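As a starting point, one isolated chain is supplied in structure tokens, in the form deposited in one PDB entry.
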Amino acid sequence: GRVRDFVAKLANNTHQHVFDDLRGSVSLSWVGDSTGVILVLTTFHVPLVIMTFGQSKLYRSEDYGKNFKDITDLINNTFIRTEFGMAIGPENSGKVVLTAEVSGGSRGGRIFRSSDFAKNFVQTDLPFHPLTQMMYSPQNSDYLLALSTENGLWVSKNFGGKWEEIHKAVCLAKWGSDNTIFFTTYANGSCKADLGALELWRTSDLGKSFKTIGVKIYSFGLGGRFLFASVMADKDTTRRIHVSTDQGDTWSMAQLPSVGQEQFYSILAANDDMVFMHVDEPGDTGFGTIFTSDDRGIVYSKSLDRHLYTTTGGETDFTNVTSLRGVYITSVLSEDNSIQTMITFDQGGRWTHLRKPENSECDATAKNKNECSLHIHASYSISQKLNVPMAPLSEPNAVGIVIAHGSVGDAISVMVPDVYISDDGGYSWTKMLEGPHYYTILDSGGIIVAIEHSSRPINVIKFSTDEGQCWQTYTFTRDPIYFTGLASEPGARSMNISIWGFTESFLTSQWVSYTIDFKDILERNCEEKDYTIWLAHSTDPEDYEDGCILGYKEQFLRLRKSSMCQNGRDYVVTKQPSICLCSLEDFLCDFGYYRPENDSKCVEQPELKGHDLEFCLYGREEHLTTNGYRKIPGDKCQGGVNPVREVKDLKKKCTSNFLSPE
């Protein structure tokens, strides 16, 4: 750390706020972007019949947590149900809805709602009792939907002032795009009893009119531009996926295996181009298979086998590395029952082990002391109570930066982990810090901050202005705190960070927060001179196709490590793409085709088995005619190879084995 006079530039920018009360469960919510508004909520028991034996305390900051004001009187100390949480409005709507507990015998529930970033609240009594949290229509923050304790679907067009029940007997409801609502309904019995017999409904006018877009429904889900629905198989207790890209007007069967009741589907990630779908393996395995879709969400390539996804807790380590296009990391179960971290750079086209740091030696999990990989601690390691304070961290505005606890060896080890960092989207790695730490990225990567994870109280904070290569430590208080967590504005564009914890026992361990402003550390604004040209996904500069991923390269401007300046709240990631010539690698095999060990070419399958044969017989005829190739979704290559073969019909092939009637 080459920062000069850093103590003097941070001492006057460190703002302590001690919460005198705040006893118990503490909920913290940010309200909007570029507002600095933070709500802190706590609830507790009181021996007052008049309060139904409960009260809340509610604090509000509007300077990114430097100072808080007690605004409990705005909700009349009413006990707030924290299971619902604070219902925070989209982007800068400033909408806030708290769900109160009401006494016995009430007609319906009660909410406290604010439309001005919690400066004023109004009380609203509901014609129903809410069963779920209230969901904002993403397009319009005035439109809300909620299920009632009677499984009624209620909608409000005026930010919860007035509600109407648009349908009864609803199991699950979700906002689509353009203020569209999808929901399932039950008939004879309960939602569980009518599984595989539910109906899937749609309404695009907030309940004025309805359309039934699916029958024999098990459940449904949304991902990217795709609507997925699981439907029964009439003869038995199994189900399969159908997909729609037109909000349920038309459907097609997904080329994915059917599953039983004790299996599950899980959308790992989805966008405008494709979806990552996990299919649980039959049996108590704790793993499944990742499948990647084509751009229609219909034809699926098998991407990764033995993908870890436990039933107990639903723990998976699948992580979109949001700081570099096409990069995803996850954990796989080897045959040896060990857990290995895998990384893909091309959207699940190929997976490989993570390259270990050059200066790192292998741990006891590796047979060879000098040959091993880097493995990453994520949700599963945390769920298993390993000493992992945080999961991997990446931000799209901090190009290439990835931070995670890990271990260098042949499998995820149980030892107390170090923190490792990548600046190139996961191609190369360095040990960032020794031991576990909480970490946060500020100013689009202009500053990285770390807090040591310790059993004893701490009073120091580590910061780096060169993407984690050099560090300096700042004592932010003379009264050490038992650290609990960091709070910083979502989007990693602020220069404010809030350190939360409680003081030592002799001080009644009240909650306290230290908010630090790094504006005097990054006093100078970045200029053009402080940015440098960087080709993403570079592995060999002498190669003409170096950096081509899904058919194109991207060349960035990014902040020089030696440059100590502020990117700014308005910082924009600058990148330019180079359109590579198409090769066979830019195409996936269409239905009825596969790739042999021989490179590139998609060849006709000899016989269609399992779900492939079920797709052929029952699939839509349009998808059953192809030449064997489809452009990879999101692939922008131009020129070069184009498949010569014309459109061959694959359904005659599967039906040819069956004797047909007249």
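Between two forms, the rigid core is the largest collection of C-alphas that superpose within 1.5 Å. Numbering follows the first chain given and starts at 1. Only residues modelled in both forms are compared. First, how it differs from the form deposited in another entry.
- Core-superposed comparison between the two forms: the Cα of residue 645 travels 2 Å or more.
- Residue displacement note: residue 55 has its CA displaced by at least 2 Å between the two forms (rigid core superposed).
- If you fit the rigid core between the two forms, you'll see the Cα of residue 45 move by 2 angstroms or more.
- Once the core is fitted, the segments that move between the two forms, counting only runs of three or more residues with each CA displaced by at least 2 angstroms, are 45-55, 644-646.
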The other form holds:
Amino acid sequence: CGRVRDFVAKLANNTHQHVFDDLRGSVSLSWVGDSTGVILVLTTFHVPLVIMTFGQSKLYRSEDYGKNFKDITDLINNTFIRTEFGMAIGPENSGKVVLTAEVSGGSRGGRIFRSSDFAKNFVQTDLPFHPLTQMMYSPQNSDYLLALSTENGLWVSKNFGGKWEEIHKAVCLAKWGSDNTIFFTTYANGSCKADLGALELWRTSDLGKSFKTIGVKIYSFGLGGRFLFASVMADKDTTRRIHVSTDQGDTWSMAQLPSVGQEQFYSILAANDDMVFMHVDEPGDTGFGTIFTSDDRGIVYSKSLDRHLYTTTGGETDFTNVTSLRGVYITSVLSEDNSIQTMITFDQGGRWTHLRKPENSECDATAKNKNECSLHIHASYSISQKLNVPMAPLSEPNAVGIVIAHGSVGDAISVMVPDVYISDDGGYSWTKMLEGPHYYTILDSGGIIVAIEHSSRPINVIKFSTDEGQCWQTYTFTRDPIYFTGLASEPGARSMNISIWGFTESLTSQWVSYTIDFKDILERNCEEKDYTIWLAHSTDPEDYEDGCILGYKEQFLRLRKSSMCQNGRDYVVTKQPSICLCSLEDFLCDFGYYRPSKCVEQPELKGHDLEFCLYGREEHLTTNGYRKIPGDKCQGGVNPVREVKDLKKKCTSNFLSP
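If the one shown is the form deposited in one PDB entry, what is the structure of the form deposited in another entry?
The text that comes after this line covers the one chain and nothing more.
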């Protein structure tokens, strides 16, 4: 259980320490680009003037994945940098970096230091305004920036912060869309506060040259997948409701979601190109709500999960996309007895259940039956409640099936100090990875898993696993233990470098990082033989339709646990889809339909169903009864859809009409 011969020698000469002399304040890390190895470390330290110690704003750069750093503070002329704006990194490998400076009180405007070459050269630029927000890059064009001023003006730059033009004077919120489209809300009188729900949603396509109003009486708006959502307020009422556009505001449509009051919120939990998970807050100070899943138009919503945990005013939620397996999401629900249970869906919210517990795990004191229970997961909520949880769940899309999380085994989330659990099949089965709380990182698309023990005392040991968490080996990475703070590694989980951050034991503490290159641990490159065939979502091996999720199967080529080798940076996850024939279970009920296995017409259109029916587009009122699940790719088999009805006359048949 640990076949890495002489790992100490393979690591000792690959351990690179960097002590950060003259650091006393907060620290921010930013990676600049992929496969560049560039890391920027920013610090800002404010000191009272009656203290002989001066302030400090340092800036360090690395280009070897954190092995060595260079103090490049001279490049920003040793200027105080606004902590709140941090480091505005450009998209992808544009190498764009923008830092905002603190300017003296009374200045005409603010100023920024810009770099378009991965922080090798910086330039000053005095702004015609004082920034209120972090500058935002256009996804389509890194040279395009926008920002809100302290006077709530919207400013746009076409030349990467060089020159700026104000394009609107009373803006509350502004976002980049596709093709350099800007969406922004505006107020008429007073402020964004006073015009709560009385905002106007505008859009510009030509970078401020022209505009179009695309919504009035606006509360707020959001972007998710191909969907533009706006919450609109009622008339002579203080409720609001979701409207949605897929043509960037040219045409809108009222969603089949309940309207909410002032103390309620909507939350776009997750959105892709096929659909959106929408959380609606429950009336009252409940701290829970209901998850709805939409069709591919963001219009018809089916109830997916009740009593979904999500605290007041949209605080903390445990809703997690398990990104290492298609269709898998975990979250927390609130029981009737005010305990919290974790639930997992494998088919994009079509069905939820409890997580299967590890074969060997015994049950908590939370478990009424000592022998039978389930696994529950610590996430954002547990962390907020000051439980001993150092990390939320982790998963990376290039590490197929792998999920790592702090949890507990019983009938509910335990307040006890949690061990760490791992799944390799995307959530179906679990095993205790390590005992006690740890920080964890995935390297080389699953090729290596790294873990640091969470302690209140300084540590000097890192743990690694080359077989996806089954077996572990410990490595002492420094002579003098450090107070651990964090793990840094290149986004994408493809590097073989990991950085251990922390401060020395002290006579004042000094920041220090130890970066380890595992290049000699996995001295062999993976070959075809090192991979096996793996059907995802397999529940019943002999079944002809085993692994069918949303219409199809996917067979992967996974690295063998036993195979100790490097996947490589350019590693491509190999998978083959098999398209399953459609059954009724690939279809969701359209508007005005429900199923008590076939979708049957509703006799009673009540609640928001009735609201939709009375105020919606006849296009959505004419249903087939059935609609195919978004993202579902089944071919052939059954097909229960048509155009049969027109439900407008149905609901209006009760009302007397003029």
